[PDB]
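Shown here is one chain on its own, the form deposited without the ligand, set out as structure tokens.
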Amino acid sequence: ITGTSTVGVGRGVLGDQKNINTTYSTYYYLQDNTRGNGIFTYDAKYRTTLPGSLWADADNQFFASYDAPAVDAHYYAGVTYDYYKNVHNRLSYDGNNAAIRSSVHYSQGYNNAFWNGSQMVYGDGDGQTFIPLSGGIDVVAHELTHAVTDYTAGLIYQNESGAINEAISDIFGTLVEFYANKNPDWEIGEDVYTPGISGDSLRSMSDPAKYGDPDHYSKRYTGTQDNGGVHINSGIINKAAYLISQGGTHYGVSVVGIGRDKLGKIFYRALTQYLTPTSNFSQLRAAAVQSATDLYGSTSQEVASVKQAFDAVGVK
């Protein structure tokens, strides 16, 4: 909407207070005009019609329980935008400052979140499996990264290309979490998963097997569930990424870590320059090797570590 840029304050899902960029015109809207062509957050009102109504608030204070998922979807979308701009010189998900739109309070007891081709969408969870999913910065960045992939490699969402699509979202979701530097880890969804169980998460990148996911290509899922295992076989790529960054010895293959920033540079270049809609794991390895060569040289340690990481997870 047309109005003047303002700054509100509220409380997120985890009870933390944060300032949020809003817009004033009679009401205060969750519309952040300081980033690109705007970040817009909507109320889906427990229904499934999208996007719902642009979030309006009478006093620019967002401390009601009902407000909390909106606060975090809006704030964490901004942080993710900042990451892509400041770290990779990418302006929003299309590279052209496209408006970023999110809906919260999607459906009733909905234990998921997703990118629907046009916007991000967050359930509130059922209170036992999940609390409102926009409470996880890695969740928000995972979803916005799906948009980035849609506009770049376009990885089809099934089988190996879909597991790469998923792993890209977990990788950059995690790198955004580290960027924001609030309780960062290599786990996915720990801030919103199972409020009655401490220490768990939905997925682990450092040890995918902790939650049953494969950490070696020989252990890949080959059936048809989950679009052919896109959230399962992502563990193979997530482990490789973790090893590129942090190092380790895995199935007897030793990897010298090169750190998160170089991981991000290599996989961002692969995503935006070399991957295609039908890329499989072996092609992802080639894309990462070429990206690391581009950035650091064919004889670099970075190239050597990419190769060792993919060797360690059985991807030639």
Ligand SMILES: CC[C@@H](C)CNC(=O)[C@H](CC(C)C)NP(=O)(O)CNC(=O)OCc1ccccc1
Second form
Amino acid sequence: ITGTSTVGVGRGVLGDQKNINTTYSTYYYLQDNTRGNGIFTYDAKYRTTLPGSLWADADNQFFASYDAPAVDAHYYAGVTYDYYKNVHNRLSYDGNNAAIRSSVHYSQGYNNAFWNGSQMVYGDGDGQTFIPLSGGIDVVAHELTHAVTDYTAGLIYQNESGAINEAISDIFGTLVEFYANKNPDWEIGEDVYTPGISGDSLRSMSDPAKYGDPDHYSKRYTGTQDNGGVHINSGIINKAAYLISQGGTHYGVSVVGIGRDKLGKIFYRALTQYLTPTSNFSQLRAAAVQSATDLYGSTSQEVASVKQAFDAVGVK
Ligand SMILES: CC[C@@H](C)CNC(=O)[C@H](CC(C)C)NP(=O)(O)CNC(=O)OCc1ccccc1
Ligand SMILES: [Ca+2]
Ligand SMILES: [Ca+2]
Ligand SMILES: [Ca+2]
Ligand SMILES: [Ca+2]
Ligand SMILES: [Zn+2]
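Right, the form deposited without the ligand is done; let's see the coordinates for the form solved in complex with the ligand.
Up next: the whole complex, starting with the chain shown before.
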């Protein structure tokens, strides 16, 4: 909407206060004009029609329980925009400052979040498996990263290409969590998963097997559930990425860590210059090796570490 840029204040899903960029025209709307062509947050009102209504508030104060998922979807979309722009020189998900749209309060008891081809969508959870999913910065960045993938490599959402698609979203979800630097870790979704159980998460990148996901290609799933295991076989690539950054010895193979920033540079270049819709795990290895070669040179430690990490997870 047309209006003047304002700054509201509210509380997120975990109870933390933050400022939000809003727009005033009769009401205060969740419309941040400070980033690209805007970040827009909508109320789906417990239904499944999308996007719903652009979020309107009478006083620019967002402390009601019903407001909290909107506050966090809006704020964390801003953090994710800032990461891509400041770290990778990428302007929104399409590289041309496309408007970023999110809807919260999707459906009833909805234990998931997704990119629907056009926008982000967040359930509230059922209060047992999840609380409102926009409370997790890694979750928000995971979802916006699906849009980046769809505009770039275009990885088809099934089998190995789909597990790469998922891992790319977990990798950048985690790198955004580290960028914001509030309780960062290599786990996925810990801030919004299972409020009655401490210390768990939906997935682990550092140890995928903790949640039943493979950490080696010989343990890949090849059945048909979950689009051929896209949220399962992602553990193999997540483990490789964790090893590239942090190092370790895995099934006897030692990897020298090169740190998060270089991980992100290597995988961003692979995603945007080398991967294609049909890339498999072996082709990802080749894309990551070439990306590291471009950035650091063929004789670099960075290239050697990429090779070690893929060796450690059984991907040649
Ligand atoms: C219990 C939740 C677990 C088991 C799986 N979900 C996830 O890992 C993350 C959320 C996590 C980070 C909290 N959501 P996603 O991968 O973006 C869901 N993908 C999606 O719906 O694909 C299908 C689709 C395709 C095309 C249009 C529309 C829809
Ligand atoms: Ca208000
Ligand atoms: Ca965390
Ligand atoms: Ca996390
Ligand atoms: Ca938990
Ligand atoms: Zn995903």
